[PDB]
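6 protein chains.
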Amino acid sequence: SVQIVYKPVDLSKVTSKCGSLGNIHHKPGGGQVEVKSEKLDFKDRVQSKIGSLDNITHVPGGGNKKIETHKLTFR
Amino acid sequence: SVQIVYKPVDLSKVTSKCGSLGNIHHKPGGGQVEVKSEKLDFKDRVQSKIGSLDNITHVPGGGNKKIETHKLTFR
Amino acid sequence: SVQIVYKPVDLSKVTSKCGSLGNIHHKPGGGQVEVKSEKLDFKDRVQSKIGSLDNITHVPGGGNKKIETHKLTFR
Amino acid sequence: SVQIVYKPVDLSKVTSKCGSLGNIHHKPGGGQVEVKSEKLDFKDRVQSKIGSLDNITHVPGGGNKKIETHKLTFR
Amino acid sequence: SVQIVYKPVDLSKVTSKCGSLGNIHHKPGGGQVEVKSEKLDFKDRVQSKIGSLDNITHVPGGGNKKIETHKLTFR
Amino acid sequence: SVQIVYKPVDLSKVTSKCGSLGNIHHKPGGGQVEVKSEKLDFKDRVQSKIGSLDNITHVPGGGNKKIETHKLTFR
Numbered sequence: 305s306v307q308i309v310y311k312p313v314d315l316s317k318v319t320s321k322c323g324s325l326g327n328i329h330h331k332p333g334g335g336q337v338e339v340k341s342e343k344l345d346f347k348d349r350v351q352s353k354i355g356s357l358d359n360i361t362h363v364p365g366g367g368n369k370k371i372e373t374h375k376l377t378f379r
Numbered sequence: 305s306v307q308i309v310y311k312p313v314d315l316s317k318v319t320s321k322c323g324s325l326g327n328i329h330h331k332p333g334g335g336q337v338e339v340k341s342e343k344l345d346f347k348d349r350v351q352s353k354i355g356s357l358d359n360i361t362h363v364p365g366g367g368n369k370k371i372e373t374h375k376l377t378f379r
Numbered sequence: 305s306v307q308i309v310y311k312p313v314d315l316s317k318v319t320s321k322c323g324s325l326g327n328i329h330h331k332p333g334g335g336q337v338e339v340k341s342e343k344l345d346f347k348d349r350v351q352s353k354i355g356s357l358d359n360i361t362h363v364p365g366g367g368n369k370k371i372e373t374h375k376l377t378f379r
Numbered sequence: 305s306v307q308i309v310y311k312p313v314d315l316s317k318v319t320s321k322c323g324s325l326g327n328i329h330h331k332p333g334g335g336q337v338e339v340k341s342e343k344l345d346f347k348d349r350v351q352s353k354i355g356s357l358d359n360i361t362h363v364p365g366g367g368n369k370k371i372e373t374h375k376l377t378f379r
Numbered sequence: 305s306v307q308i309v310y311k312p313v314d315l316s317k318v319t320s321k322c323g324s325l326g327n328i329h330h331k332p333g334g335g336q337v338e339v340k341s342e343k344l345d346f347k348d349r350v351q352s353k354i355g356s357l358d359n360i361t362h363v364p365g366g367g368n369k370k371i372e373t374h375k376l377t378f379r
Numbered sequence: 305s306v307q308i309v310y311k312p313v314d315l316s317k318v319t320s321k322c323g324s325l326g327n328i329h330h331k332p333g334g335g336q337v338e339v340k341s342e343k344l345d346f347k348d349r350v351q352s353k354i355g356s357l358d359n360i361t362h363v364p365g366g367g368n369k370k371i372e373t374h375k376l377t378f379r
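Protein chains in written order, with PDB author numbering: chain D, 305 to 379; chain B, 305 to 379; chain A, 305 to 379; chain F, 305 to 379; chain C, 305 to 379; chain E, 305 to 379.
Since the hints were derived computationally from the structure, they do not count as laboratory data. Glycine is no exception: its CB is placed at the ideal position from the N, C-alpha and C atoms. Please note: incorrect hints may appear among the correct ones.
[Claimed, not checked] Pairwise CB distance ranges, derived in the manner of DEER restraints:
hint, chain 1, residue 1, chain 2, residue 2, range
1, A, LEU344, B, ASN359, 48 to 58 Å
2, B, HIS374, C, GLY326, 19 to 29 Å
3, B, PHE378, D, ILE328, 54 to 64 Å
[What the hints assert, rightly or not] Below are the DSSO-like pairs computed for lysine-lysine, each with C-alpha atoms no more than 30 Å apart in a straight line:
hint, chain 1, residue 1, chain 2, residue 2
4, F, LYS321, E, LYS347
5, C, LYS347, F, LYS317
6, A, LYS375, D, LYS369
7, B, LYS370, B, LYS321
8, B, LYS331, D, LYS331
[Claimed, not checked] Listed next, the stretches of chain F that the computed footprint assigns to chain C, with coverage defined by at least 3 CB atoms under 8 Å from CB atoms of chain C:
hint, region
9, 306-316
10, 323-333
11, 336-348
12, 359-369
Please take these sequences and the hints and turn them into a complete structure.
Below you can see the structure in the form of structure tokens.
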């Protein structure tokens with residue numbers, strides 16, 4: 305005679321913390337920005353950004369994958 | 305005689321915390337921005353941005369996946 | 305006669321912590337920025353950024369993978 | 305002339321979470337209880353209890369008081 | 305002329321968490337209890353209990369008092 | 305002229321966490337108990353308990369007080 309007791313217990317935790325988290329009393333200060341542009345000639349496509357402060361979180365990465373598998377073969 | 309007691313317990317926890325979280329006292333300062341553009345010539349497509357402050361939390365990455373698979377067999 | 309008891313207990317705590325976490329009392333200061341441009345001549349595709357301060361957290365790296373596999377057999 | 309703008313904002317949050325809350329997986333097991341009493345004598349008040357399991361969650365204490373006083377005086 | 309602006313803002317928490325909260329996978333196991341009582345004599349008040357498991361979460365504390373006062377006097 | 309601005313901001317977080325919080329895998333065991341009371345004799349008040357396991361979480365003390373007081377005066 306045979307018994308199989310198959311009782312995996314999984315309490316595991318898979319946590320991603322990403323970006324600007326738990327930060328306190330930040331005062332990021334952009335200075336003055338002055339742009340003079342005169343008589344400039346562009347023969348082709350232009351991409352431009354101007355500004356005193358960029359404050360940015362970009363988070364492509366959080367990305368948890370859990371793969372879990374439980375085979376029991378009695379043949 | 306045969307007994308199989310297939311009783312996994314899953315209490316596991318997959319969690320993603322992405323971007324800006326729990327940030328307690330921020331005062332981002334946009335500076336003054338001045339742009340003077342004169343007699344500029346563009347032959348082709350222009351893309352532009354102007355501003356004192358950008359305050360951006362872009363998150364492509366929340367990203368959780370969980371694959372789980374139970375497979376008893378008795379043949 | 306045969307008994308198999310298969311009681312794995314998983315309490316694992318796979319954690320990622322990326323970017324600006326738990327920072328206190330920053331005052332990042334951008335200086336004044338002055339750009340003079342006159343009579344420039346661009347023959348091909350242009351990309352430009354001007355600004356006093358960049359305060360950026362870019363995080364592609366959260367990235368948790370857990371692969372877990374149980375495989376009992378009785379042939 | 306005199307102007308008084310008395311506009312206090314209350315958004316504050318008193319809260320009590322007393323007792324047995326959010327407890328996920330529990331299986332309290334009472335055991336076998338056997339009592340044999342013979343030839344006993346009790347000349348005064350008896351109070352008694354017998355049982356395998358008590359799961360009591362008595363909460364006398366969880367109350368709030370939130371006294372608030374406002375007074376504007378112009379004598 | 306006189307201006308008084310009186311705009312206190314309260315967003316504060318006053319939280320009590322008391323007793324038995326957020327617990328996981330508990331299995332308290334009372335054992336066998338056997339009582340033999342023979343020929344016992346009690347001349348005064350008896351208060352008695354028998355049992356394998358007391359899973360009791362008594363909370364007679366955990367209350368809150370918030371007292372708040374706002375006096376503006378213009379005498 | 306006289307201008308008084310009175311803007312106290314409260315973001316505070318008075319918090320109590322008392323008793324058995326966030327425990328993850330307890331299996332408290334009670335042993336077998338066997339009591340052989342024979343021929344005993346009690347002339348005065350008896351208070352008694354028998355049992356394998358107490359899992360008691362008494363919280364008589366976890367309370368909060370926040371006392372808060374604003375006074376503005378113009379004599």
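- Message: Hint compliance check: list the failing hint numbers for this structure, sorted ascending.
- Response: Those not satisfied are hints 1, 4 and 5.
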